[PDB]
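Colleague: Okay, here's what each chain looks like letter by letter:
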Amino acid sequence: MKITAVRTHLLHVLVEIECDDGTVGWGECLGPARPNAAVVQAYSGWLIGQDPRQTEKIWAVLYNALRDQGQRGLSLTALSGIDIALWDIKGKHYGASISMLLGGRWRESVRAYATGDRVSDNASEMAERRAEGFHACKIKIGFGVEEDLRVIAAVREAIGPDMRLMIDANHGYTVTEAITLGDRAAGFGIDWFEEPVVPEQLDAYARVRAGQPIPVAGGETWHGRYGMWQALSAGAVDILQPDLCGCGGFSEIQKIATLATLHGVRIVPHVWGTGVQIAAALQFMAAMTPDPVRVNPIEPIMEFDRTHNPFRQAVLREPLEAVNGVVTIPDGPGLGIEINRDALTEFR
Amino acid sequence: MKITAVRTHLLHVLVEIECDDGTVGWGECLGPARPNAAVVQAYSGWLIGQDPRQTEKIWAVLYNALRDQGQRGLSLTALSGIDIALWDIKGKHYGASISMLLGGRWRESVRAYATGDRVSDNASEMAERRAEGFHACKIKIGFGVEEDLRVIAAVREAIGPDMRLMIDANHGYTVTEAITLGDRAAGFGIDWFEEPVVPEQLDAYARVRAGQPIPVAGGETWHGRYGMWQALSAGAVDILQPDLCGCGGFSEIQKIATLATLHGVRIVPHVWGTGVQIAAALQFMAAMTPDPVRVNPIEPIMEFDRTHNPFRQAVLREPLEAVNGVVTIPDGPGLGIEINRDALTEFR
Amino acid sequence: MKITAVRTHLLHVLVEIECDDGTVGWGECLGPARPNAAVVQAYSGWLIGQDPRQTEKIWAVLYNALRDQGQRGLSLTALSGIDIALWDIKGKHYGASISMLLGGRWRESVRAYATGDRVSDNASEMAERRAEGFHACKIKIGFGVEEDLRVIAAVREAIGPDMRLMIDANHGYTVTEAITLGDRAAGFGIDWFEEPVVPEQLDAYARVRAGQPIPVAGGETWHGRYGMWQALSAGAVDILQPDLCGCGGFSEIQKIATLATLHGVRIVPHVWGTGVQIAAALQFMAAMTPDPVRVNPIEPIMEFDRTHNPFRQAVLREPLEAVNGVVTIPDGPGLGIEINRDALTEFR
Amino acid sequence: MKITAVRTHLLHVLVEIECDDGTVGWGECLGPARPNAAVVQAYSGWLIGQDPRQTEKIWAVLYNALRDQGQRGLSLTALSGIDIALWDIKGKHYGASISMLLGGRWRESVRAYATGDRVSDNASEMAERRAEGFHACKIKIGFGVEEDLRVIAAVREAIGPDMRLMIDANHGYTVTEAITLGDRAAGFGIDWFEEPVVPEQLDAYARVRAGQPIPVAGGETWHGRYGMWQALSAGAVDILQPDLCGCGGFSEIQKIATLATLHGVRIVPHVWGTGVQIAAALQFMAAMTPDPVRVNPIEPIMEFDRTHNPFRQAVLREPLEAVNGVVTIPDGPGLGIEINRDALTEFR
Amino acid sequence: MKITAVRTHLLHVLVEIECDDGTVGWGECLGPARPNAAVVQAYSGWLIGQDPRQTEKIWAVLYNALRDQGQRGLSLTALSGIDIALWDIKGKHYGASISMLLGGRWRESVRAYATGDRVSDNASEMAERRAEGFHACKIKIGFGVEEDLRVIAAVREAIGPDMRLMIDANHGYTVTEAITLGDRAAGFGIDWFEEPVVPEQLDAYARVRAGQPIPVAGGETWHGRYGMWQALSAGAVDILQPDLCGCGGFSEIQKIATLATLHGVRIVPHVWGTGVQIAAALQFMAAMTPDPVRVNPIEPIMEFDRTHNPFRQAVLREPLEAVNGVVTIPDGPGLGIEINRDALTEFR
Ligand SMILES: [Ca+2]
Ligand SMILES: [Ca+2]
Ligand SMILES: [Ca+2]
Ligand SMILES: [Ca+2]
Ligand SMILES: [Ca+2]
Ligand SMILES: [Ca+2]
Ligand SMILES: [Ca+2]
Ligand SMILES: [Ca+2]
Ligand SMILES: [Ca+2]
Ligand SMILES: [Ca+2]
Ligand SMILES: [Ca+2]
Ligand SMILES: [Ca+2]
Ligand SMILES: [Ca+2]
Ligand SMILES: [Ca+2]
Ligand SMILES: [Ca+2]
Ligand SMILES: [Cl-]
Ligand SMILES: [Cl-]
Ligand SMILES: [Cl-]
Ligand SMILES: [Cl-]
Ligand SMILES: [Cl-]
Ligand SMILES: [Cl-]
Ligand SMILES: [Cl-]
Ligand SMILES: [Cl-]
Ligand SMILES: [Cl-]
Ligand SMILES: [Cl-]
Ligand SMILES: [Cl-]
Ligand SMILES: [Cl-]
Ligand SMILES: [Cl-]
Ligand SMILES: [Cl-]
Ligand SMILES: [Cl-]
Ligand SMILES: [Cl-]
Ligand SMILES: [Cl-]
Ligand SMILES: [Cl-]
Ligand SMILES: [Cl-]
Ligand SMILES: [Cl-]
Ligand SMILES: [Cl-]
Ligand SMILES: [Cl-]
Ligand SMILES: [Cl-]
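Chains as they are written, first to last, in the entry's author numbering: chain A, 1 to 11, 31 to 135, 143 to 374; chain X, 1 to 11, 31 to 135, 143 to 374; chain V, 1 to 11, 31 to 135, 143 to 374; chain B, 1 to 11, 31 to 135, 143 to 374; chain D, 1 to 11, 31 to 135, 143 to 374.
Please keep in mind that the hints were generated in silico from the structure rather than gathered at the bench.
Be careful, since some hints might not be right.
Chain copies aren't distinguished; within one or between two, either way the pair holds.
As the list claims (entries may be wrong) - Listed next, the in silico DSSO-like pairs over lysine-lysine satisfying Cα-Cα at most 30 Å (straight line):
{"no.": "1", "residue 1": "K166", "residue 2": "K76"}
{"no.": "2", "residue 1": "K2", "residue 2": "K281"}
{"no.": "3", "residue 1": "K281", "residue 2": "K76"}
{"no.": "4", "residue 1": "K166", "residue 2": "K2"}
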């Protein structure tokens with residue numbers, strides 16, 4: 001078969036790839052819509068007439084094409100959208116869920132965790155999330171050690187002793203702030219400490235890991251296999267969080283997962299974007315191989331953001347929803363979803 | 001679909036896996052036939068009733084099952100046979116060549132290299155290989171520096187200045203012998219120096235790489251991703267040579283190829299065994315991504331051994347043959363081959 | 001003298036080697052019976068007519084023979100059986116206990132430790155072991171941090187404050203689980219933490235050692251001198267646990283013990299298998315040199331599993347038994363034991 | 001059995036150990052006679068009544084006894100004499116050559132190399155050695171680069187192009203001298219460069235190895251397993267040369283050989299002393315395992331010094347002699363030799 | 001001036036060197052008397068007629084003379100005796116205290132620390155030492171963690187909360203024992219932990235330093251500058267304890283002190299032997315440069331052993347005694363002492 005058209009849509032950029040036999044695949048790119056769309060349009064000059072089944076060859080040709088333009092990250096976010104759409108097309112052509120094409124379904128669902143006067147508001151909100159059935163929540167910090175600790179303390183009190191708690195500083199801290207925060211918050215029972223410092227300073231991450239006891243997580247902006255491998259080599263993280271729509275799509279995240287196993291580093295995919303990104307992430311989560319394999323292994327969990335969730339899921343005919351804290355993974359062909367075109371508006 | 005039976009055959032052990040819908044896949048295991056067959060028989064207790072499409076899940080479950088038995092290498096060679104058969108089944112089920120399932124066909128053929143009174147015999151034989159059209163040949167050394175040099179010198183003279191020449195010591199040398207050989211043979215124009223020292227001494231490999239200028243190759247017995255990664259980390263090789271039927275099959279060699287790209291280490295698959303192993307290797311070679319991508323990139327080449335070649339290819343209805351030094355890669359469903367069952371004899 | 005025959009038996032594979040003068044030696048191989056037997060049968064083609072007294076030469080020739088078959092671990096487990104039988108023959112020929120041939124008897128006995143609604147069952151069982159006289163016990167974990175902690179807590183309560191306690195996760199944990207478990211269990215008084223993570227990830231072991239305070243033990247599946255040395259170099263363990271029937275027999279475990287002394291790493295031999303493996307382990311334990319030598323030094327202790335113990339010891343005429351927690355080490359020629367042939371059934 | 005007496009003799032100190040059943044063993048210690056004899060006398064206070072068959076236990080007890088006296092090297096040279104005598108006793112008790120007790124005879128003989143107006147004298151002498159049948163010779167340098175080169179050049183001319191040539195500076199050079207010498211002499215065909223710099227500066231050895239291409243050898247004064255391991259870890263040598271009578275006897279040199287295999291470093295035993303030391307070295311050489319095993323492997327060669335050779339061999343009834351460059355290895359019980367007591371004079 | 005004679009005496032070997040002008044110097048060697056005396060006698064062959072003022076030239080010539088005898092430690096202990104006597108002669112010739120020749124007197128005295143049913147006996151004895159005025163004491167452990175802890179606890183109770191407490195295991199522990207002991211004893215207030223593990227395993231020392239919080243001390247048997255530098259490079263110790271009579275005398279301990287300053291490692295000289303060794307140590311202590319220089323800096327303290335103290339000091343006319351815990355440092359020419367010859371008996 002052959003690609004006959006590549007289109008870009010908004011409402031976050033979505034990539035639509037149509038084939039001669041009528042098969043349509045959908046993908047999504049991380050980051051600013053316009054830069055991604057321009058690059059996809061550029062990529063499409065070559066994609067037209069190509070065989071969409073050859074995802075590795077397409078990936079490598081397109082990735083290599085944009086090397087001297089300096090914008091590695093943009094190449095990867097743009098390629099991600101194309102790559103996801105292509106796997107969607109493969110799944111539809113072959114009659115298989117992407118999770119099956121990736122090597123099989125370990126799980127039919129994943130547990131979600133909920134993400135959120144800052145002290146009382148977090149405490150209230152997180153208390154409601156627990157009532158809604160979420161086994162875990164993640165709270166945003168990185169503003170100031172003393173205030174952040176007040177928030178963490180109030181959230182632990184509000185959610186009771188059992189619900190899991192993660193914290194995310196979104197690179198808000200200096201190393202010293204992060205180490206001090208981690209030392210003082212550890213007593214509250216924290217499963218991970220996300221992006222404590224700026225993402226370019228991998229040795230600072232390692233410093234935070236060695237200076238306080240909460241497991242450190244990162245990776246949503248560390249590009250593809252090379253960026254991930256640099257962080258793994260520096261000992262930057264206990265948990266790696268690749269973004270499917272940012273790191274190079276299914277083709278590249280498979281390679282990242284391999285690297286993580288060498289280091290015994292857990293993968294927890296970054297989930298954020300429209301229903302398309304979410305659908306792609308869930309296919310990967312279904313297929314993720316436990317490290318180690320055992321009865322009741324450690325399994326991926328899915329970030330769930332009630333903020334703009336209705337909006338972000340409007341692109342889907344059937345929303346991927348958390349039911350008592352659990353999200354079911356589609357098993358139909360490709361991403362197993364149907365696009366609501368009306369919700370979109372075509373760009374260029 | 002479901003696996004209904006797993007059978008082992010001889011004539031080198033071959034693995035046959037039959038499914039409920041009648042689909043049959045074929046694979047092959049490196050090493051002693053009987054140990055491999057026993058483990059495959061053991062694996063089959065679980066395989067029966069499983070969905071053959073779920074190759075990653077099957078791989079990881081089976082690999083994990085044999086961990087405390089101490090025999091990691093045997094797990095991998097046995098699993099390899101199963102894994103190859105399963106991909107053959109996937110290809111047949113999906114209507115796709117394995118090379119397409121692996122991500123696309125970069126090439127429809129590969130150049131072969133020919134492998135071989144030891145001085146005159148090598149010189150004559152290699153001179154005939156050149157006349158047969160092979161662009162390259164590999165000669166066996168590791169017996170004694172002075173004698174090996176005489177052989178290398180006579181082969182270069184006999185094949186003219188253009189044909190490429192590789193040498194393989196099959197771990198015959200001490201570090202000092204290997205460094206001395208490499209220093210003195212380099213002037214003859216040698217593309218690589220295969221397995222100069224014992225395969226357990228990765229630092230010795232690195233020593234050979236740093237002490238003489240011919241590129242060092244190895245890997246046919248370094249197990250799966252972990253064994254390969256140890257060699258890559260030690261700086262053991264310029265060229266990695268994974269064996270499909272030994273390292274864990276298509277599932278595991280894909281992961282090995284990823285690792286090699288981090289290090290900018292070339293992959294040249296080990297080719298040796300029956301027509302089944304050869305067919306599997308060729309599917310992988312078709313799909314191998316150049317590192318780097320460029321016009322006329324460096325491409326895999328295929329070891330071709332005229333020794334027992336008719337015998338080893340008797341398992342195929344249509345032999346994979348070198349025509350003026352070039353081997354065409356099948357593009358039919360799965361391995362793209364048909365088994366000559368009459369040539370086999372079932373074991374157990 | 002000369003080897004006249006090599007036979008394999010079941011009931031776990033046992034190796035019987037007979038000599039021209041009538042001397043018979045017995046050994047045992049770790050892992051699946053059939054693969055081991057096939058390789059022993061293969062080895063026997065050469066062994067027949069060889070001088071059984073030349074154990075190092077035999078070891079190295081046989082080990083080298085199976086290098087390119089990829090199955091290093093299988094070579095070692097098979098060789099182990101042969102090697103143990105050969106030392107048994109040497110001891111009988113020379114009129115000496117293997118422990119004397121290994122360099123002398125430091126000790127005539129060793130203290131055993133006992134190995135075992144999962145919470146109450148462990149607590150009850152371990153409470154009985156203490157009453158039986160065992161100075162120590164080892165409990166199996168690696169299922170889930172919270173549940174495992176409940177088990178550990180109940181076992182410590184049940185056995186009182188004096189009995190030593192070890193834990194074994196059998197590679198059940200991720201690094202993070204293992205570090206968290208170790209941190210929270212340390213307060214219960216734990217002498218070692220066995221195989222916290224998968225055995226291929228040596229750096230993960232080191233991570234567990236640096237992240238929590240219980241001493242880490244491993245080694246039952248790290249092959250021979252090279253595998254052991256990789257783990258020692260990575261800082262993987264505080265305690266190394268080579269399996270005599272798995273690592274290459276007496277010839278190879280002596281070399282492993284040497285390596286451990288360089289690193290000041292304690293050796294505690296893995297004990298598991300039939301009475302033959304147990305007998306071999308005890309000969310090694312008698313001869314193990316303290317590190318350091320002092321009055322009342324740290325001494326090997328022997329794992330004792332009441333599970334299938336009667337069965338596994340049925341191969342012996344006189345069972346090696348724990349009497350108030352202490353096992354006496356035979357001092358007769360060779361392994362100092364007599365085989366109950368009736369309990370066996372010959373294979374091939 | 002039991003040791004009844006330990007005696008020290010001169011003519031180089033010799034150690035005689037007599038047992039209750041009349042068995043007598045002989046050993047030798049490296050270095051100044053009197054210090055060695057005093058320590059042996061001290062050791063004998065404990066040795067009397069001990070079982071001579073327990074060589075490892077005896078070794079470790081005696082080695083540990085002298086730790087805080089500061090004189091590690093003296094402990095090892097003294098222990099060496101005792102250890103050699105004990106193995107001689109074991110061999111006699113058991114009816115076995117030491118080479119058999121060490122694990123078997125790989126070889127019944129070894130090739131010797133010959134050791135030697144300094145320019146003409148070396149040239150003449152080495153020319154005679156070649157006529158006598160020696161395959162190789164070693165010349166003494168370390169006096170001055172220009173003069174040493176003149177010597178090397180004249181020796182190569184005199185011995186023809188085939189005879190192997192080694193050089194020994196006996197720590198005479200600075201690093202710079204050694205690198206310059208090695209660079210300029212390499213063209214003469216030199217198999218190794220012995221002790222280029224002072225033995226305490228292991229990093230200087232490594233510097234010499236990296237700065238010039240002749241293989242570096244050392245080790246005659248690097249104590250036992252720990253001293254050897256430090257040199258191996260520093261990358262000090264291509265060839266390790268332990269002295270049996272200096273490094274801790276057969277018990278300790280076995281451990282050193284193990285360490286060398288990890289590093290793929292060749293062992294060539296230092297041979298120097300009376301006929302007793304030579305006899306011990308030859309037993310070890312018979313038993314040395316090739317690294318790697320192959321047809322016609324690299325084998326130990328024996329230093330042969332015609333200087334005081336008649337004198338040093340006067341302690342033997344039958345001299346170990348080079349016949350056309352080859353020395354046959356005794357195969358009788360123990361060291362396989364008989365002592366000429368008349369040649370000795372008892373000390374203390 | 002010229003050396004006319006060198007004599008060795010007992011009552031521990033003492034070295035007497037007489038000069039043509041009648042000047043006599045005295046020194047002492049660590050370790051077994053007889054080996055030291057033999058080497059001193061050997062050294063004397065050359066010393067006679069040499070200028071005793073040239074201590075560095077003499078040191079280096081004599082040290083170099085014994086290199087290939089393997090006995091580095093013995094060279095240093097023997098040389099130490101000579102070197103101390105030579106500095107004594109220099110001081111007498113020049114009219115200066117050795118402490119002045121070493122570069123000046125920072126202090127006229129040092130505080131001593133006292134060294135010692144094992145629980146009650148230590149507690150009683152240490153309680154008396156406190157009453158005698160010692161600011162500190164050191165207790166001997168390394169027998170068994172539980173018993174050693176009982177001792178430490180009872181000693182802290184008996185001596186009150188202010189007196190300083192050090193512990194010395196004399197290499198009695200495995201790494202694990204030492205780490206466990208240090209963790210559990212730290213709460214008692216321990217200034218240092220001496221020789222926790224065997225002195226050959228420098229990495230084990232480092233392991234003990236990183237695994238528990240009491241400062242680690244060692245060095246009494248690490249030879250001269252090279253042995254000390256290896257320990258410093260390995261991060262073996264917080265406190266280095268060179269023995270003047272063992273490490274190469276004043277000439278070599280000055281060099282060791284220099285090395286320690288690079289690493290910011292404290293020097294506390296080992297004090298043990300006759301009054302001569304004590305006198306030499308005190309001269310060095312007077313001259314030791316603080317690291318850092320400040321008002322009331324950290325100063326050397328002197329081990330004081332009431333065991334055989336009268337005996338060991340019998341060699342002096344005026345004993346160096348602790349008065350309320352403080353020892354005054356002689357300021358007369360040389361070692362500032364007078365020998366009681368009657369207490370000696372000449373050897374050889
Ligand atoms: Ca709500
Ligand atoms: Ca985030
Ligand atoms: Ca901290
Ligand atoms: Ca032909
Ligand atoms: Ca090969
Ligand atoms: Ca070179
Ligand atoms: Ca019971
Ligand atoms: Ca275990
Ligand atoms: Ca921790
Ligand atoms: Ca002659
Ligand atoms: Ca030499
Ligand atoms: Ca150079
Ligand atoms: Ca008193
Ligand atoms: Ca001490
Ligand atoms: Ca600690
Ligand atoms: Cl659509
Ligand atoms: Cl970018
Ligand atoms: Cl599907
Ligand atoms: Cl990247
Ligand atoms: Cl969401
Ligand atoms: Cl078929
Ligand atoms: Cl296809
Ligand atoms: Cl692996
Ligand atoms: Cl072929
Ligand atoms: Cl029998
Ligand atoms: Cl294996
Ligand atoms: Cl015995
Ligand atoms: Cl190994
Ligand atoms: Cl048992
Ligand atoms: Cl005799
Ligand atoms: Cl024999
Ligand atoms: Cl040593
Ligand atoms: Cl000789
Ligand atoms: Cl005097
Ligand atoms: Cl010494
Ligand atoms: Cl003065
Ligand atoms: Cl030194
Ligand atoms: Cl004192």
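Colleague: For every hint, state whether the structure bears it out.
Modeller: Comparing the hints with the structure gives:
1. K166 - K76: Between. Shortest inter-copy distance 26 Å satisfies the 30 Å Cα cut-off; intra-copy 40 Å does not.
2. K2 - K281: Classified as both; 26 Å inside a copy, 28 Å across copies.
3. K281 - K76: The answer is both: 15 Å in one copy and 16 Å across copies each meet 30 Å.
4. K166 - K2: Neither: 45 Å inside a chain and 35 Å across chains, both beyond 30 Å.
Taken one by one, the earlier hints fail for this structure only at number 4.
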